[PDB]
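Next up: just one chain, as structure tokens, the form solved without the named molecule.
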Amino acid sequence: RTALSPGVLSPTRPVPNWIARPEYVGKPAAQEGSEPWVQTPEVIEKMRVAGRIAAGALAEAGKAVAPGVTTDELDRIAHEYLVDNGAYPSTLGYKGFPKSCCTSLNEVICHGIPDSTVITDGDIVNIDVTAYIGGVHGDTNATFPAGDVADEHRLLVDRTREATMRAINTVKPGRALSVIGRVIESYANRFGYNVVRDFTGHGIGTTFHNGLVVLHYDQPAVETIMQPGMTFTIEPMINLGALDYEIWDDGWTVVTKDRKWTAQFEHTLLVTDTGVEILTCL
């Protein structure tokens, strides 16, 4: 299976005019980065709605993953499930991003832009979908196998899913945020994999990236302590190869330099009074 190359982009997909657009739509930058890390009860409830819709959109698009399909098509499907549910696709118009979800095949670490690229037997593809409704965001992603995937790749995907669930299970108030990256990296290294460091999880709420950064590798210098009402993503990218990468001319598509495949899974989490709640569930 040859290394991927930029495909061709379909035109901007329309969104019903009555669905509110986040404030950054169409602008070069977003007004985000200094919002409270702990959300109000109102916002937490709204985030449950957003997270459920994003989860449903991810699941719909994931069902279309099959050899023969284009990533653009996956985008068409998630976009339509969001709009149908009254949600705006947060990535659409986010810092110029042109589509409604990110589709990251094989060696694309993250932020692949859905295009003409056709998926072939044995590929793996991450679909990342964010919903904006009720003035809040919810983000989730998962990597899906297409046809007869090699065992190496099936294990990568399964172990990345397991690393993410183990990290989620450690979320609890009063525990250091750095426990998450410790847990992910220890599990990825058990199998000889490498955890991407330059791309991270993040606080999410009324803004898409609110300033809070969640690392997926071991970095005990971070002193942040998890607090009830904090909302953030856990979304480790795990590489079979080296971490060195390149970003395509589009300014979005990140690919591994050695072209070895990489997988990712993600949920939006809430720190509750005693533990965790996954908000991006159906």
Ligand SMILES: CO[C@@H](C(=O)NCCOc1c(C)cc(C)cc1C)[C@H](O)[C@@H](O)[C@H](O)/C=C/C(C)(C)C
Second form
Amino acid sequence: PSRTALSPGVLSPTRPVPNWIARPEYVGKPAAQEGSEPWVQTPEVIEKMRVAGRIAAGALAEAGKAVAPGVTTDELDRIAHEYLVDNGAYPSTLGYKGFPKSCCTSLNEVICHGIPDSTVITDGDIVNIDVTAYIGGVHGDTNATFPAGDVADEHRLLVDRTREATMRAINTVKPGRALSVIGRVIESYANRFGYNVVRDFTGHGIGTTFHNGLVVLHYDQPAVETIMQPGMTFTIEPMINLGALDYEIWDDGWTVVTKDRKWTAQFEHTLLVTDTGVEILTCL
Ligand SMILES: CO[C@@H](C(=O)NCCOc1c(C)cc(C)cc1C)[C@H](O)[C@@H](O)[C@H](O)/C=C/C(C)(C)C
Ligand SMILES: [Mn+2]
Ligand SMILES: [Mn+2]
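Form solved without the named molecule done; form solved in complex with the named molecule now:
Below is the entire complex, every chain and molecule, led by the chain shown above.
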């Protein structure tokens, strides 16, 4: 048997960031200035995005190494926060539209945007950690779902097949291809197992802004005409559900849960379209 439905916990105090680490402009503001930026980045921006991406990947991997029964989601946030700040990076989530922590922790039925808190991870859980770094005036965004203890076969396979859907989508990225191939590959692969691909939350372009206005759909919609071109940077971040797509948001305004409480898994990388294919910017 696995645990029952989750409920929210208490948050730790706000974690500070040294003043010499520049903040994204949206920290301390009610909204973010994003969504109208170019989709192809300059070579100087891309080089800085490699640095941001590798730092985010390191924070993700260090917090992921700590996932085990008995650990709180707050303790994962502390690890990610300190990794970023020791690397001179600001955690992009912290202060984005008032989000109170440095990463998102989404267990089990939480589709995305779970808030690190007193919640204790237990055996059988699947834990998504989502970390973004802001450094050099650019962002790097990545997430992964990590098993805690011995996970039930249905949940283990959900995580492994979500990871594989993500990698197959990444491996389609090439200049001249339609962006819509990403969602076609994810949803074709998920539908083999009878999983449902979340639609309402998407991948996105990323650069000097966190969400630049480019949308990357994870389901199949061949009417989108956008093509991949060298220098475009975006995330692929599919959420895949064992149950129905219907969802609720907690009173915290962030945490998104499946209405049937069936579990869901996600992986994310920030990608660069190169002249021949793709480069993952959020690798160690
Ligand atoms: C699944 O979650 C992704 C997500 O919301 N996509 C939808 C992005 O919608 C847009 C689009 C499509 C355009 C603009 C201009 C702005 C937004 C938020 C995130 O990008 C996630 O990867 C990120 O780590 C977390 C960010 C906050 C918790 C701080 C929000
Ligand atoms: Mn993310
Ligand atoms: Mn993202």
